[PDB]
Amino acid sequence: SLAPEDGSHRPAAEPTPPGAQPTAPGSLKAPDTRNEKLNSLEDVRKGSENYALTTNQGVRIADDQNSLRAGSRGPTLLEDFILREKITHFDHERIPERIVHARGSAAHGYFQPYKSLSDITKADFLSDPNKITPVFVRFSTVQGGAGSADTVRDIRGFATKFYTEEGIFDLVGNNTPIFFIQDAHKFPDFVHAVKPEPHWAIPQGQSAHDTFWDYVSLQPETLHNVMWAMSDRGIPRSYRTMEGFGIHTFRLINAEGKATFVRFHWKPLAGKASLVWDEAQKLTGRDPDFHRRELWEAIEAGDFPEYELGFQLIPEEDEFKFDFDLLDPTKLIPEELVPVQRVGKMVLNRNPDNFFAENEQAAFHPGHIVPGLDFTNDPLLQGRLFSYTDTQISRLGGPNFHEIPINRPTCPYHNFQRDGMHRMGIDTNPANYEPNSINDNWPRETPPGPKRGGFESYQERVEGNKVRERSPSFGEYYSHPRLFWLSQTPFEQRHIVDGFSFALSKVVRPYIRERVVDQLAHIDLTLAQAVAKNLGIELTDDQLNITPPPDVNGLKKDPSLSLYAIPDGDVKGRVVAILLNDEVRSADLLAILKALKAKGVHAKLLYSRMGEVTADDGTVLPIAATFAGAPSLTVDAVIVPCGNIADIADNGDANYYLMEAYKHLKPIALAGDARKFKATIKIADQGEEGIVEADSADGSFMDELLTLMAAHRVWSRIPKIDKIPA
Amino acid sequence: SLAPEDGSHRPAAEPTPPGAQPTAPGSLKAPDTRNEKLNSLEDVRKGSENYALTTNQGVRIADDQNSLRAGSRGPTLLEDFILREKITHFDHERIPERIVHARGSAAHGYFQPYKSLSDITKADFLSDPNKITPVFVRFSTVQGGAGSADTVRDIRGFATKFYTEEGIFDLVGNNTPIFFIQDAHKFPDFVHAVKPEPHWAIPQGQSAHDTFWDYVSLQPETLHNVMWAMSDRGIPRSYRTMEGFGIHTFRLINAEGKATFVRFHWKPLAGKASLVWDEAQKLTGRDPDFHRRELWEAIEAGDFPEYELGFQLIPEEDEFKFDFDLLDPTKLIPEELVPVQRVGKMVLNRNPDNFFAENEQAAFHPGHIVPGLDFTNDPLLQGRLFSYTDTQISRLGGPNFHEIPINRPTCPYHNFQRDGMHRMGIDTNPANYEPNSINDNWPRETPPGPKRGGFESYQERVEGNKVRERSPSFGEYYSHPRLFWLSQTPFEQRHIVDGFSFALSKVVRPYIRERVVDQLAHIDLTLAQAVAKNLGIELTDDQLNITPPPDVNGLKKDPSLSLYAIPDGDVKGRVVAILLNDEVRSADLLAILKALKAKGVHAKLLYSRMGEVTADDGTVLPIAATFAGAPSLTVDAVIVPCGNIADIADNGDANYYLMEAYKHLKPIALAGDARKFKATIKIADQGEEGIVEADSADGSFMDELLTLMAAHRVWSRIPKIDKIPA
Amino acid sequence: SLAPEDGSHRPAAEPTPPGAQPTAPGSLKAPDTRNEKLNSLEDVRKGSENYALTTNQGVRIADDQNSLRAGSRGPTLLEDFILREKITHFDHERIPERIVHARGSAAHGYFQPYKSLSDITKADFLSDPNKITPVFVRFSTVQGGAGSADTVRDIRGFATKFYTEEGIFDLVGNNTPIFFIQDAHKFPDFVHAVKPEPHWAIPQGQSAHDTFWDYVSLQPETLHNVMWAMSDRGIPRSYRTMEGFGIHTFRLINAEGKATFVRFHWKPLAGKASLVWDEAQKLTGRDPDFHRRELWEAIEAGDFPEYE
Amino acid sequence: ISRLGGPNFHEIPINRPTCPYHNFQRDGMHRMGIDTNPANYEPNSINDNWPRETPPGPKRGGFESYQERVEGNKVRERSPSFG
Ligand code: HEM
Ligand code: HEM
Ligand code: HEM
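Residue numbers (my numbering), protein chains in the order written: chain A, 1 to 726; chain B, 1 to 726; chain C, 1 to 308; chain D, 1 to 83.
Isolated chain A, as found in the complex:
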């Protein structure tokens, strides 16, 4: 048999930290993690152990190594139906990728509310805190293909399919609270501008090219979301550490028929955190799967992604109470004006079994709502409602995509629709039309009502002429970008300046850079001048004199728009690199590992080669990777214990390891003679804030390191990084 005698080919079906075990399909890693959707897919899971290899017709194969030929050096024969079926299936494996958000990573989980929301909505999944709704969630980038890298600068999608008892509700959101454009008619133009340019299909996974900034310069409605993308919002550390938003104003409808406007939020219970740009870019080369792998390994470790669902609620009579239009999806609703009510929690606790069958084939669409929710006339939402039904017809092969297992409702579904490519359901109804007598009119319509009723639209009043015209109320483009800019910390603002300066430096036509700097001067002169300086552009006197846009309803900032202004750091699930030497102080290591364990922080033990080293006291320490093999990009903090520091003090790779972690603002902790490394990162004898140092790794040295990790990065180090070459 081919597996090793000792069973080391098979991962334990228990939670294990990243790196400890090979990853596995979710039902084999966590067989007793169950939900109603995961149990309903049991009819289509297939196993493998102890079964014979067959054709798809059930014929057992004897030799799966060779084609049928006339003689053993002869021509292959057409009658080889086993070869032809196997190669035909392979030749047809691929389906079209999604037009946007082609790169994504997904998991199963569940949602439960914190209280009944019956007073504001009749949605059944929100009716009782003991109602547990299975979910499937896909996180994604926007521009790149399905084989593009994860840690690009981009908006991220955050789509959740809720399998409710009254239907599937898909909340198809992104990680910023607005979008780039106002009207769905312009979506092909914006997406064509951001995607690879049509002559040569470059660049992949990047907005930093001429056509994107040409469109932005000509369409100032885009500037708000462009500010978010150029911020560190555009480079999240993990899908676990970003916010979600539905963007549009929707409606909640209660059993008395009252409509409330709502915008939806997801708040990450692990907190908000982002990479820095050079780290994100380098990680696209060293691990283009970093966020897919982080999500999968968090769930295999038990560090389940958790989010709180939140609603901003605005009464119908307050529709015109703000100085922006609630229907304009380039405007956000500041939390200082309308707070987020926390409504429930979602936990992602199981990975798929098969990526293609469950993630690639999943179909999310924001028109999939349930009684108790409704739309508004937001003109970007209104066009979305057409596009997701349409695109699924070619991506997933026809109109029966709801029969693909991951998309199936878990509640009953019955109607008079028939046929279509790869129709699975075999209808026995004598009728395929209504009204009918021949089946006593079943399945029957259901009037709307407080529970288990049919869907009726809220009877909004519509009055106007048939026009292709933008509302005048949507014609203000600079106040929300300014509010966002003024809400950032000073280091977040520098990172935004740097994001625009990097991007516009890769625009080849200089007039486009100049037109973007002119737009920036309508938002904030400090930002405009800082970007201009980096491009060698000088503002004109007219530009220096543009009047700043107005505050938003008297606000001149809102700290909820910053990643970092209000502390919300959480270290569970983060990872520290420990740089070993060939004679490690074991007492340093016991102390380190114990304190990390107590906070749920993982460790990775690194050295010069694969294998093991032995500690001063004889403990054998298995090495996970080389310094060069698992770079600092992939960890949150670096600790270097004592022992034979002499042994690594000269290693180019160990030095670079600490230079790169330093440049990227990561906490570094140095014990005993590991303080020799201070010289490579140019740290003064009396120390520096963000470098933890002591004689040994006692319990105090660990608390200080863990406090630095809760604050994510050492922002105060920014003015010091320029003068290490890394």
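Calculated directly from the structure, the hints in this document are not laboratory data. One or more hints might be untrue.
Residues from chain D that face chain C, not an exhaustive set, calculated with beta carbons under 8 Å [stated by the list, open to error]: (1) 10; (2) 49; (3) 70.
For each residue, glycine too, the CB sits at the ideal point set by N, CA and C.
Let chain A serve as the given structure and place chains B, C and D with the ligands on it in line with the hints.
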């Protein structure tokens, strides 16, 4: 609630004769008829009674009569996701029809062998007389589209999917024992020649046009199957009353590895029976679904179609012992040389629930064989092996067509194939390749053996150069057509002459007619002269002197090639029209109806309007159809009971009903004053064979009518039918 | 007019070195370059300057910035056929990528033989040193998707379509002279092993994972091509500085019917050159389009890729 | 989209306009037209915004919907006048 209070909308779930109740889905008409494949479809059967109407996402619908609009006379809104889902599914209901045999009718059933065939084949489904294998059978025409008519002149397909414990085996045959062409490379040429012509797409369901006969005149290999199509074999009475054949020689392989050549047969246990051409052509107009209807209603009545599988077996050492090549599919093996050995019985006993899901999506392919069977080098079979897998990728939408419920095996199937459009199975194997160690190499190959082994091809010797060349052994075209012609009764030979005469009359270019007559003169001079006389063509002295082809292995006829030469008639399931009048002799009708019921012959009571008539003694007689509504075309015989004959004696429809039945050779029985209709059909006072007449329907009147029915038609009447204008 | 007055939006229609001008579609950058295949594509080339914006049915569009709504803050109307055509075409832009070799970069060119090869083959494109055959060439990686990076460690494809006067001949080769496996029946197993693993779809553009090395360790026929892949052959500097091979033995047939066994080679006239691994892996991050860009800009500069 | 295999059905010869048609739509299965436009979006400067919108007018103008007045609530209701 729209059903009648009396429950008359719903058919009884019990066997009922044709017309007695509305037809229904098989699992509602016959819920207790079960087999392993029908039970395995339960996971996808969907009911309807008592369920709410929903979208395909499970959202209940309140109003399925209206689109959402801005005001009740306003424009429809794009946000109407319930209208766009319903119309999207409707707009994509169609899939491509099959390239050939697009018109077909299908049913479920089961097969059992009479004894174990373990001495000649290791196929599991033939190993044990107590082993029952579910089947699904589709019967079809060849040329017309899925909306074409059933009783055209054409070859018929007879395809059986056997759901065995060792894999699906599809036996994909037709109703004649040879095909038109020798090498699959010509199949697009032949099928383009018989199909509607490409400029104008005419004619549907007919080979009587110039390109067909141009190809036949240029490719004499076609003449054998053309003879069978021009005979009454081309116009079967029902799928129940035709033979089936696999056409190719295949191999049986036993557990000791011995190969035996085999050709497959189906014998209809209801006997052989065909229409006559004027009746078939007219029936394409009055009921283009006649065979689909007759099949479905026979199964609803309990008149299950039954067939016996038989094998012609030739030892490997006898390959070259005949005047024709066993591998040439334009040659038959006469049963006088190699008898058919009875192997088992197939009963079709349940209709589908949904025609699209089960019939239109079924995929049959003759490359789907099982261990114990193998192919030969027949060059028509060899190209078929390529075509069926290929066509299914576009007809059924991708390479996962085996996951469409009707096509799924009932036995296990596991392999390393993944992905593809509308992938249903979610594989949990950690490996998607072999050899692998990470799942200990499962699923694993299985060596060949006596039972439950892997498939291995028979190690036939191949020797020769790579050539595109027809074997010289295949270059003989006229002997099997002549054997067929000489085996027909004189009335069957007249019907062949009439088939060729009518067909060639529709060929516009007269030189093509003359080239076909010349080919007939190579087969049999009598046939050629009779067709030439009907075409106004005179044979040349050269044609008159062509020497006939040789006998086939000494035979100058083989009666098993005739439909009628050896009586095999069965009356159960046949139907009789009874022509009512407004004061029927109730004693005649009691005697008639119970005689027919005793022999399983159905009746249809006809009159000049719907509703009821009252008999001499007050019995209320319900009318099934009018004389025009249910013409004589649709029945096998006609009975006119006594009573007030003057009610119907001058009814042109009643009179023409008898004239048409008379012309089409059907038995007619006239009781009492119904003998006044003798003048309509010009019968002598002293009577004539084929017309039953007495003073009442008692004594031997019904036995005589039933005797005529068992002989199917009154062939002795053929010379008498010309002196009738009908 | 949205273009700048000075015309600096439009790249010069003449050869210019990398970075000197924005890149452009080839018939705009190099209008004077022609061959028989480029000339035969002219009936489907569509321009743009001075034309009105239309639907695909040729109806001129007045307002391409807004959906049709009932009132300017109202719901979008289903009768907006201009919005639905534009979004429907957008919704259906994608087609499946190639099962293997999905990442690739291509250019037009021409081929000419040095002398007639009629003594060994009757192939018309090889019959006359004056006979010029248009080509279209696509270079590729093997494992990654169409949106993966160029300077991965992988084998590269080198596929040439020759548009001859006796038919299309496709020479579909790679940049090493052997393949990993011996019998096509095993291709899906080998390709499944090298591709991203099926539970989680990682890693992209990399053979450095368990399933690839499990297959290799169990199928020693793979080791030859694995040695090439682990060498600097697996990380070419440019598609211009790698070899090409047809791998298989084919036959040449002359007019007298004689068969000669042949294996096909492409020799880069710019020579052989590879990156080093740390450089290649870092370039996947900093410019995942580096080989597609280098090929396109070499052609816009006149530094045409040449192979023998 | 399903009957004719994708969104380029207007390029099947019988369905093609005989008048000009130019826009920024790209790709799709069996795409025949090879666009040379450097831009595939508007507004653009890189091709001076061509092809360009056309105001409505008496002849050769862009399409504009008649500005019918719409007044009603969002309802799934048959007009009583149709009963
Ligand atoms: C507020 C603005 C929007 C947000 C938050 C949004 C978000 C998303 C997300 C998260 C996905 C990926 C879902 C998945 O993981 O499969 C997606 C896919 C998609 N989006 Fe949107 N989107 C927006 C606007 C639009 C507009 C205006 C259109 C077109 C009118 C559109 C058309 C599509 C299409 C065609 C797909 C691919 C869907 C599929 O193939 O199943 N999006 N969008
Ligand atoms: C002995 C000669 C043949 C017989 C008895 C035969 C019989 C049949 C039958 C009965 C069907 C319909 C199965 C069903 O009901 O779905 C069928 C379909 C078909 N036949 Fe054959 N056939 C013959 C030769 C050929 C040849 C030579 C080719 C091509 C090389 C061919 C290609 C096809 C194709 C493409 C279909 C449609 C299959 C589908 O869409 O699933 N047939 N044939
Ligand atoms: C000597 C070994 C082989 C070489 C040199 C080779 C080379 C290539 C190249 C260069 C391409 C990309 C063509 C392009 O640029 O579009 C390609 C594509 C492909 N190869 Fe091969 N390959 C080999 C073996 C195989 C085998 C054994 C199979 C299957 C039996 C296979 C199936 C494919 C398929 C399905 C495609 C995608 C073609 C398309 O979508 O148009 N290759 N191969």
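> Which hints, by number, does the structure contradict?
Replying inline: As far as the earlier hints go, not one is violated by this structure.
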